[PDB]
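Produce the complete structure using the sequences and hints provided.
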Amino acid sequence: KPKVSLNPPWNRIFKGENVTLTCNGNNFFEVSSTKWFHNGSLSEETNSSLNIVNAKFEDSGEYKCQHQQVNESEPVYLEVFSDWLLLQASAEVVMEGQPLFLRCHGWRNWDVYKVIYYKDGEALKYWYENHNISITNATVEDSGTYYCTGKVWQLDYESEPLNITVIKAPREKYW
Amino acid sequence: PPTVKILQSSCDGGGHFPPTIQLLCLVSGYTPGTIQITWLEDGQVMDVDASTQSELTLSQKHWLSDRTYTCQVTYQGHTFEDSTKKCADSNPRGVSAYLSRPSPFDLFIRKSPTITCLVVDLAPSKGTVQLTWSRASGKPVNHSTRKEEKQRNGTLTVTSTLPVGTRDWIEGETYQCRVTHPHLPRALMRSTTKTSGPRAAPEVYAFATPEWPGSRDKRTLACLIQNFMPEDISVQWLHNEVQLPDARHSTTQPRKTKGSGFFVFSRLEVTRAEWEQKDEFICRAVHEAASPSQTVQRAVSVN
Amino acid sequence: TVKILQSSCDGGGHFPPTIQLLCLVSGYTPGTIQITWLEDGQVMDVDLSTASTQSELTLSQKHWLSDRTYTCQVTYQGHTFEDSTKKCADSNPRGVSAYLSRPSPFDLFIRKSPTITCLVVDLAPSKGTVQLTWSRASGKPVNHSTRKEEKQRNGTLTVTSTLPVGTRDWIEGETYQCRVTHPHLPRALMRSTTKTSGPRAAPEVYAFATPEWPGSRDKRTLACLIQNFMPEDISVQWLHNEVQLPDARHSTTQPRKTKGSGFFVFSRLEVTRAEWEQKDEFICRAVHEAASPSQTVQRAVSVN
Ligand SMILES: *[C@@H]1O[C@H](CO)[C@@H](O[C@@H]2O[C@H](CO)[C@@H](O[C@@H]3O[C@H](CO[C@H]4O[C@H](CO)[C@@H](O)[C@H](O)[C@@H]4O)[C@@H](O)[C@H](O[C@H]4O[C@H](CO)[C@@H](O)[C@H](O)[C@@H]4O)[C@@H]3O)[C@H](O)[C@H]2NC(C)=O)[C@H](O)[C@H]1NC(C)=O
Ligand SMILES: *[C@@H]1O[C@H](CO)[C@@H](O[C@@H]2O[C@H](CO)[C@@H](O[C@@H]3O[C@H](CO[C@H]4O[C@H](CO)[C@@H](O)[C@H](O)[C@@H]4O)[C@@H](O)[C@H](O[C@H]4O[C@H](CO)[C@@H](O)[C@H](O)[C@@H]4O)[C@@H]3O)[C@H](O)[C@H]2NC(C)=O)[C@H](O)[C@H]1NC(C)=O
Ligand SMILES: *[C@@H]1O[C@H](CO)[C@@H](O[C@@H]2O[C@H](CO)[C@@H](O[C@@H]3O[C@H](CO)[C@@H](O)[C@H](O[C@H]4O[C@H](CO)[C@@H](O)[C@H](O)[C@@H]4O)[C@@H]3O)[C@H](O)[C@H]2NC(C)=O)[C@H](O)[C@H]1NC(C)=O
Ligand SMILES: *[C@@H]1O[C@H](CO[C@@H]2O[C@@H](C)[C@@H](O)[C@@H](O)[C@@H]2O)[C@@H](O[C@@H]2O[C@H](CO)[C@@H](O)[C@H](O)[C@H]2NC(C)=O)[C@H](O)[C@H]1NC(C)=O
Ligand SMILES: *[C@@H]1O[C@H](CO)[C@@H](O[C@@H]2O[C@H](CO)[C@@H](O)[C@H](O)[C@H]2NC(C)=O)[C@H](O)[C@H]1NC(C)=O
Ligand SMILES: *[C@@H]1O[C@H](CO)[C@@H](O)[C@H](O)[C@H]1NC(C)=O
Ligand SMILES: *[C@@H]1O[C@H](CO)[C@@H](O)[C@H](O)[C@H]1NC(C)=O
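Protein sequence lines correspond, in order, to chains A, F and E.
Under the entry's author numbering, residue 203 is the last one in the first sequence; the count climbs by one each step, no gaps.
According to the entry's author numbering, the residues represented by the second sequence are 111 to 159, 172 to 425, in order.
According to the entry's author numbering, the residues represented by the third sequence are 113 to 162, 172 to 425, in order.
Treat the hints loosely; a few may be bogus.
As the list claims (entries may be wrong) - If you want the ones that stay clear, here's a sample from chain E, every Cβ over 10 Å from chain F, calculated:
no.: 1; residue: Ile145
no.: 2; residue: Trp255
no.: 3; residue: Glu325
As the list claims (entries may be wrong) - The calculated label-pair distances, taken between Cβ atoms and stated as ranges, are:
no.: 4; chain 1: F; residue 1: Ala245; chain 2: E; residue 2: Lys378; range: 25 to 33 Å
no.: 5; chain 1: E; residue 1: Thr179; chain 2: F; residue 2: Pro111; range: 17 to 25 Å
no.: 6; chain 1: F; residue 1: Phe202; chain 2: E; residue 2: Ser259; range: 38 to 46 Å
no.: 7; chain 1: E; residue 1: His361; chain 2: F; residue 2: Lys378; range: 21 to 29 Å
no.: 8; chain 1: E; residue 1: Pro304; chain 2: F; residue 2: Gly123; range: 14 to 22 Å
no.: 9; chain 1: F; residue 1: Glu151; chain 2: E; residue 2: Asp157; range: 29 to 37 Å
no.: 10; chain 1: E; residue 1: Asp159; chain 2: F; residue 2: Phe202; range: 30 to 38 Å
no.: 11; chain 1: A; residue 1: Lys43; chain 2: E; residue 2: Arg268; range: 45 to 53 Å
no.: 12; chain 1: F; residue 1: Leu306; chain 2: E; residue 2: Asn213; range: 24 to 32 Å
no.: 13; chain 1: F; residue 1: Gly123; chain 2: E; residue 2: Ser225; range: 25 to 33 Å
The hints are simulated quantities; they were obtained by calculation from the structure and are not laboratory data.
Backbone N, C-alpha and C define an ideal beta-carbon position, used for all residues, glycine too.
Following this line, the structure appears as structure tokens:
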């Protein structure tokens, strides 16, 4: 089962941004063997890299890839937003292992000041300029609703809530 | 048309503002026939302070509050102006939108309500904000007048005035102003509706303070209007049943009283010329509950 | 007396091209007066005069953009006077705000315990302390400070510092300086306060009672207009049988300019029938600096 990765990460993007979806897979049968599927449809891309430029509102949805035969690939949900502030996360089904990344992206590359992250009511971190959250090896308690409030063009704006779950250990056991 | 410049006391040491800042407005190279300098504070009025120098003394808080001061010279032909302000490196304020309810005077007396949508803190370059008027019920709207003004600090101001049917507004129709800009991600949404809730007739008390022995020239007439709901109220002053200009009197913004309602204060200054005439000075308040004709008035005079 | 003047920032706060610097040297005995200009300890201009400087510093938008210090020096008859200039530093570095309040007339003259509060807001938590210092421009001993830290919910810090000052020192026109040297802030936060200068006018107070409404025969309203006072600061109080009423019992509007020179304020108080029917006298008192000698002017309200 090939896994589709987005370059850059944070599928939550703004309108007019850039993404590139690619499923590597164990094999390297890129030539005329990668089928890219939007919502229950067939696209017109044969290369392993599907580049979305100027991402309109119609480009959102679930994406799948079908490198040669296999069975299928795990669908990836791409959502396009048009707010002043958007909270972008590296993953939302993140394991207890690989770290968790949070970014407060303003509209375009506009500087955002007085950025405050929230932790379901309780504020997490406040910084004078735009800052990232780089929680390495997030544990169980790092879950819930996250949103960032900032100051763009000397005016206060608030992002949209994002639900992040980290889940528990898979098996443990070991008697 | 002389040369007008403004000089500001620069910071001392490692860039520290002096506790008192002295702005110096220089007007040089003119034929002296009439000299008049005004010191507007963001469009307001300030007291008083070849070549002429005008001195303005300002505190730390006033200068650091990011206020624009306009030194304006009147030279018969025109009214030239300069500008001075604390200068910020970058990050200008973003576009702001405001919506104003119709005044009771234009709603019940003149029977011609007009709602105003104001767009401020615009940008001189690439600014073409489109203002759209909509109704909650979807009924067609009347033609609106849109005007653009250049402010003293360089930003643009867009004013959109649309007349509103009195019957439509009285019933409770909700109007909406949409501001669209190419750079803005979303569209600025503003909504104006009626002020639903309890209604109480305003209580108006007009009075004359007694004459201070220092000045036998002017008298201060005043009028307290209390216990009215909602807060939308118009205040006017009538001299021999003739409405005085709005610049003659000053009315305090509505404030919620402790008990149940709102209260406002109106103050006006009269010269001894009208006081000798023994005319009846009328304080009038127009409010939605000021039955019967949406108006309550009181009269004061000598003795 | 040597003073300095830069070129004012135009409109919304953009530096005009060809910045001009003026050095005003005045109030001296005529003689061998020599004025020099220094750039970061170097030589920039040398002037001789027997009147302010006859040559003005013309720059470009290359020097007045970074950390450059320009010094105007007078070396007149062996007497050396120095003045330093630099692009004015940010009032709120990194967005951290500083507000320096002023003592009210009430505790400046009646309570005789004036206090000045320096409030630093929009700070961030860090491993350390926010170093705040109180100083006087003339240079005199200070009276400590009641420093306090806060932990506001939005993650920002808050530093409050109250310093008690002498009324005599504040009356004469002393300057009080609050300095903040937090490590996050690049250089410092430098706030100054000083008694407002200008003309002084004794306030005129007119206090009265509204006449009885036929609607509800329980509560009456007492109104007090205080006008023609300069400067804009004032304290308004209501007294019943010579004991001060709580501040929540009355509402006072913010000072506003009149048609002429001066301000005006309205104060409204609500009294009950039981208090009123006792025939007590209600005192409206205004405390202002120009109401010499007691700095308080009061008037009386009563029925009939
Ligand atoms: C450059 O200079 C211009 C002016 O020269 C500045 O523009 C001003 O901006 C401020 C704030 O954005 C405006 O203040 C707001 O005014 C609204 C207009 O209502 C008044 O005016 C109308 C007539 O136009 C009257 O009919 C009405 O009765 C009002 O008297 C108010 O409605 C606003 O109040 C709302 O916001 C405040 C908080 O700001 C709340 O406390 C209120 O309750 C209410 O919700 C507000 O007061 C001002 O009007 C603008 N000037 C003009 C002439 O319109 C620019 O800001 C300046 N640039 C910079 C960068 O500073
Ligand atoms: C996180 O949350 C905290 C609290 O929830 C916020 O802290 C508040 O920040 C505001 C904004 O700076 C502070 O309000 C400021 O107060 C200053 C001092 O006020 C004096 O005067 C009043 C009476 O008017 C007294 O009650 C008060 O005790 C002080 O003695 C004002 O100077 C500020 O501006 C005022 O004046 C200017 C002119 O100079 C006007 O233009 C303004 O409109 C305004 O009238 C301002 O009002 C408030 O005190 C703080 N709360 C505290 C310290 O407890 C943080 O800002 C927030 N962080 C973020 C990132 O949002
Ligand atoms: C595959 O499925 C996805 C959904 O999983 C689908 O994306 C959806 O597209 C529709 C548009 O056809 C979105 O619906 C709205 O359309 C209006 C215009 O009619 C837009 O204005 C909406 O965006 C915002 O607009 C305002 C700002 O201008 C906001 O105030 C407002 O609240 C809107 O959020 C929005 O685009 C629908 O939202 C998306 N779905 C999601 C989850 O976002 C996609 O089109 C499908 N693929 C194909 C090829 O059809
Ligand atoms: C916040 O992070 C962004 C991007 O984070 C990158 O991607 C993450 C998944 C993780 O791998 C991070 O370690 C990465 O740095 C930063 O933007 C990058 O800035 C550098 C320096 O200019 C640039 O070379 C990269 O191309 C940028 N990334 C992208 C995707 O464009 C940003 O600097 C960080 N800090 C902030 C925003 O304050
Ligand atoms: C990345 O986004 C930028 C704008 O956000 C776009 O750049 C365009 O790239 C195409 C080629 O893919 C060029 O033809 C255009 O001229 C570019 N526009 C510019 C530079 O304004 C595009 O959406 C993405 N660019 C790439 C290379 O993928
Ligand atoms: C978690 O962080 C990295 C990433 O997995 C890992 O190498 C490290 O050993 C882990 N640390 C702890 C304390 O579990
Ligand atoms: C996020 O998860 C919590 C816990 O299950 C739930 O209560 C909440 O409704 C979720 N939020 C959204 C937007 O789905």
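* **Consistency of the no-contact label for E/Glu325, given chain F and a CB cut of 10 Å** => Given that some Cβ of chain F is not farther than 10 Å from that of E/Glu325, nearest at about 5 Å, it is violated.
* **chain F versus E/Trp255 - minimum CB to CB distance exceeding 10 Å, so not interface** => Consistent with the label, E/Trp255 stays out of reach of chain F, its closest Cβ about 14 Å off (over 10 Å).
* **A/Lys43 paired with E/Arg268, Cβ distance criterion 45 to 53 Å** => Because 49 Å falls inside the window, the suggested range holds.
* To do: Go ahead and decide if the range 25 to 33 Å is satisfied by the Cβ distance of F/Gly123 to E/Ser225.
  => Holds: the Cβ-Cβ distance is about 31 Å, inside 25 to 33 Å.
* Asked: Is the hinted range of 25 to 33 Å satisfied by the C-beta distance from F/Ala245 to E/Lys378?
  -> With a Cβ separation near 32 Å, F/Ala245 and E/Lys378 satisfy 25 to 33 Å, so the hint holds.
* **Cβ separation of E/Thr179 and F/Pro111, checked against the hinted range 17 to 25 Å** => Once the Cβ atoms are compared, 24 Å apart, the range 17 to 25 Å for F/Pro111 and E/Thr179 holds.
* To do: Decide, holds or violated, for the assertion that all CB atoms of chain F are farther than 10 Å from the CB of E/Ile145.
  => holds (22 Å)
* **Outcome for the supplied range 24 to 32 Å, where the beta carbon pair is F/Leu306 and E/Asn213** => holds (26 Å)
* Asked: At the C-beta level, are F/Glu151 and E/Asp157 separated by a distance inside 29 to 37 Å?
  -> holds (36 Å)
* F/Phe202 versus E/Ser259 beta-carbon gap, inside 38 to 46 Å or not -> With a Cβ separation near 41 Å, F/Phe202 and E/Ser259 satisfy 38 to 46 Å, so the hint holds.
* Could you tell me whether the CB distance from E/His361 to F/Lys378 stays inside 21 to 29 Å? => Roughly 24 Å apart at Cβ, these two residues keep to the hinted range, so it holds.
* **Status of the given 14 to 22 Å range, CB of F/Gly123 versus CB of E/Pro304** => holds (20 Å)
In this structure, the one hint that does not hold is number 3.
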